[PDB]
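We begin with a single chain expressed as structure tokens, specifically the form deposited in one PDB entry.
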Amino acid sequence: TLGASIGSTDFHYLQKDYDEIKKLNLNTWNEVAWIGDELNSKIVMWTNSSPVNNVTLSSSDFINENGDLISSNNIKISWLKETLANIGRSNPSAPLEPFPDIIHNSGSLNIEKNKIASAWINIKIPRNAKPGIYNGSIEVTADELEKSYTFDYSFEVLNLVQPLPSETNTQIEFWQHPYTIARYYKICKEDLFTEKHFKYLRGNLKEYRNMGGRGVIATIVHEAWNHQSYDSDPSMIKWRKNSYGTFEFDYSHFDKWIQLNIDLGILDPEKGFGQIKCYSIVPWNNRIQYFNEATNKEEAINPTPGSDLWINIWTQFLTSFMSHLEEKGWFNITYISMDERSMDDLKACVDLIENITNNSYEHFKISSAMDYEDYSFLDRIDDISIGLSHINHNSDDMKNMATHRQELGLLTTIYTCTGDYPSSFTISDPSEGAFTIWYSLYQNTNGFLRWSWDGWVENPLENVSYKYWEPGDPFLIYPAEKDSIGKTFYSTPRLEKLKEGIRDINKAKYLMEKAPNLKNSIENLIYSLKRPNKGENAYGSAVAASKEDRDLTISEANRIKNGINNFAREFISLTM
């Protein structure tokens, strides 16, 4: 009636693989955690000819050798919900297949005949948990099921404390799209950035904060990315050309958005913690749009970057914006940002921003993300992000540039997007994200940027397909059901793997400071990282170059994590 086994969180259990999945029989799991850490696992279940109703998974408490308790309340077991994804990229003919990308709800599930269904297991180790080897069990029952399943779980909690994100130097930046969340939840224009809107922003922003999120995107012009996404990108700063004929700037949305992020502890502008990333002085395809009171219509202009028109406009804005930010106590964390723009384009922004100054001797910090590989010029950009496919693994150019930038107190990250492998798509193996984070440390960068926190298509919970990109590329979280009372978002295996990677690179860095006698050995481990090459599937999506490369991504991420935890054991053995 019902089959069950522990499954890996590294990859998806797909319906198409029913025949193979049916063969699984793993009944134990063990892992290593620090105090304040989290672990993940998964149970995969399958039906045969009969449907099975009221399938439930229940956790025992977790008990260490001393009898100390980690309550079953710290263990959340959530069904993985499938959604439909076109498996291609810009390929409407590609197969539309289901993927268990959504960490959905706890409680009971009815499963139809001849089906795979899996449940994600999230284990939180309290920040005051006692060290030790903790044992517990997860039981699977269902109405029809004669013999229930009990799976035996253990985890060792090492006597070291997982760093708080504030206590690390990890840089994490995921682009938020609060007007997309408004659209999905039918928040009207009149209620934008009111508590009615915040209802649906607060919880996912706390999720972002809690995993290490520091960067906060804000749009400063209309349609900065030329409406590449399903949803428009409105400006948080409204532009009007008035009756006399001058430009006015309405900062209301900007202010309410930023203050929210301050209130939640993502930004701290007095303290220079976090970033405000203002996109952009170079909108994609150059259009600057504004409401002209004469002629009363919306209007636009196409100035190419650098010109006198361009200089004066952005001067104007940057001037107002400066004063505006000085008013707030915010100016020190504000970056003017550019997304994959020309080298010649960047030239201008550095020059114009050079000029706009205040009586205090202060300057607008600058940010650029590049889809392309002498620091004279780049040193004038305070935060740069380089795409993974543009990092040559067989050169030290990246690592040397990032080492240099760090010496100057500048920011450097890596990003992934459409066409990358490893990456963070619905179709990706979730372990690819943990690899991605490790790779940011291998290249000696500050961390990881991704354009895609919450860029929902129409109804992600049922279909994720979009005209462009691999499926799921624009969002790392799902919305909740539209009418939901309570829940406002759901996480994903791929997001949980990015979280894991972040925790673990934070471990490595903590250990290299705490254990000088082990630092070189830790570094040797980190710099042993192998890199899979990329290929494409038949439908245009990036994938591993081969089965061997695909398996390498997974094995490497595990090898490094386990290495670091075994070094932690050695240091603990030392300082006892």
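Residue numbers count along the first chain shown, from 1. Think of the rigid core as the biggest set of C-alphas that the two forms share within 1.5 Å after superposition. First, how it differs from the form deposited in another entry.
With the rigid core aligned between these two forms, only one of 350, 164, 264, 294 has a CA shift of 2 Å or more: 294. Relative to the superposed rigid core, residue 409 undergoes a CA displacement smaller than 2 Å between these two forms. Core-aligned CA deviation for residue 486 between these two forms: less than 2 Å.
Core-superposed comparison between these two forms: the C-alpha position of residue 93 differs by less than 2 Å.
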The other form holds:
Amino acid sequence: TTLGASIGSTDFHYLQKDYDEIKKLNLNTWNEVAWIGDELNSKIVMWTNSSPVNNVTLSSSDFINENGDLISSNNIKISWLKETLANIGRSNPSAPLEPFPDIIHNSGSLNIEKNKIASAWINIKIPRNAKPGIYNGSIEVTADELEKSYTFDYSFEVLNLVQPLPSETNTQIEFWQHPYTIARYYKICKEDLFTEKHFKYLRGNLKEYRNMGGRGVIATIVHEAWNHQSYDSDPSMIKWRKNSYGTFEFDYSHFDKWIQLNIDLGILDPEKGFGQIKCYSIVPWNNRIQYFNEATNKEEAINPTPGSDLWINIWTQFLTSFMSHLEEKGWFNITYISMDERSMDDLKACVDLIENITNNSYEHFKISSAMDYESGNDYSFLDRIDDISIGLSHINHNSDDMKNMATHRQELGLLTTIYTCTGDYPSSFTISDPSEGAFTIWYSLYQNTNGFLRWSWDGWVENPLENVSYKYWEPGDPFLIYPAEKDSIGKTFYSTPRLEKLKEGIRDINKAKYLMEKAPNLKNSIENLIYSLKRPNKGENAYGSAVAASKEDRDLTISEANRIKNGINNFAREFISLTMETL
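Please give the other form, namely the form deposited in another entry, since only the form deposited in one PDB entry has been shown so far.
Only one chain is given; partner chains and other molecules are left out.
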């Protein structure tokens, strides 16, 4: 027929190459369980045969429970998934380019060419004052060349528990933002950086970050701190210069505007100690510091070795000046100096220096680092670092070491996350199954950490809406949101199924934590459910990208995330029911 349609999973992509199998789909009903103030996602997958089909549109009804309580269609947004091209390899110019439905794009009508797949993402926001019950409604697909519209029957159960607000949880989330990348893409000239004209293209995506639980805000403190690994250079938010007396001076202009923005948006709250400023880095690439030398009127650069007299000298100047500046602003207590996975001799020199430099309340800078930890219960150096993030590929699954390490840090009130990056599986690539994201968040809880860190909020390539390929890494690795179109009026970014799955994991671990606290009879049962989590094996495709080790491993990833979720909602249910029977 002209247009086929079926409900599909949000957990994996429906790709053009799978057209003939996709056409056999025939799911006409959907159901899910939600808390008050939760969100659900779904998907409709469609296909054409030999004719193009025009003006394809989806509309939701209102949803109504058994008492007539209403959740308006206002709370349902239906968005076309847009495809972009991705080189399917890693550092491999000859890998093929294939299309991936990675972009949650716009609402409205689509014209679909012949012999194509197209899917639409469905987002359902449950109001924070919604009534419990089973809600029913429908989603209707029409098109010009379609005689009989499709009606898909949707229901969900709202449980009588309230989804926690981010600020009511102890989940740590940190995604690295690249505000000069947003400037580049949207044609913000040098003169307008960190002016209102730049802020208009930042605010939307930062609120997005905030609302899902983002707490870490990165800021660069030297020039090109990652040696231009990304498509866009990384400028320093603190400009360095050397004066005629041979000592250094620091312009905090961009730094201050950046942090203030994040304070204004409610991401950081320095007075109450909410959120973090992560200052990258005291061990930037090759220890290289580029600075304007006033005596010679040109740019110079030096590479002092950590723990040398010269390194100690320069970095004492920076840290004492920075600490004063921060104290004047009232920002010091939420500021962390970031290291990185360097020689342990270099990290020791960093921690030694930092602990030497105190303010007049006897406090030194907090310290943050990605750390290569795999075993052993010697926590003597790790305990000196306030926030650490351990990469997934360094975590040995058949072992309690990570969990033991993290539990120690939890007892000391220190922070711990896991991160993913290039080479990881599960991960958060364009080519990934989006459900890898929910698995990733569950795994952060399995390891008894506070949550999840990723380097990659927005590190866009030239035109990611059309091709995400970059010279390094699996495709889509550097960004979890897309920009909007360069000429956009209105939208400033687009979400991704992979991001929405992280969001899902974050909401569902927050449920598990809420119940563990409010239901002491169930806490240990809940812990055991989480401890049953299995971790899949990984391999590589032919082009160097990390992928599941087998179909069984790939199915595990999806079946595990959903199993824990459903188990948590059953605990939620038994808890509600027993509270009622026993009230």
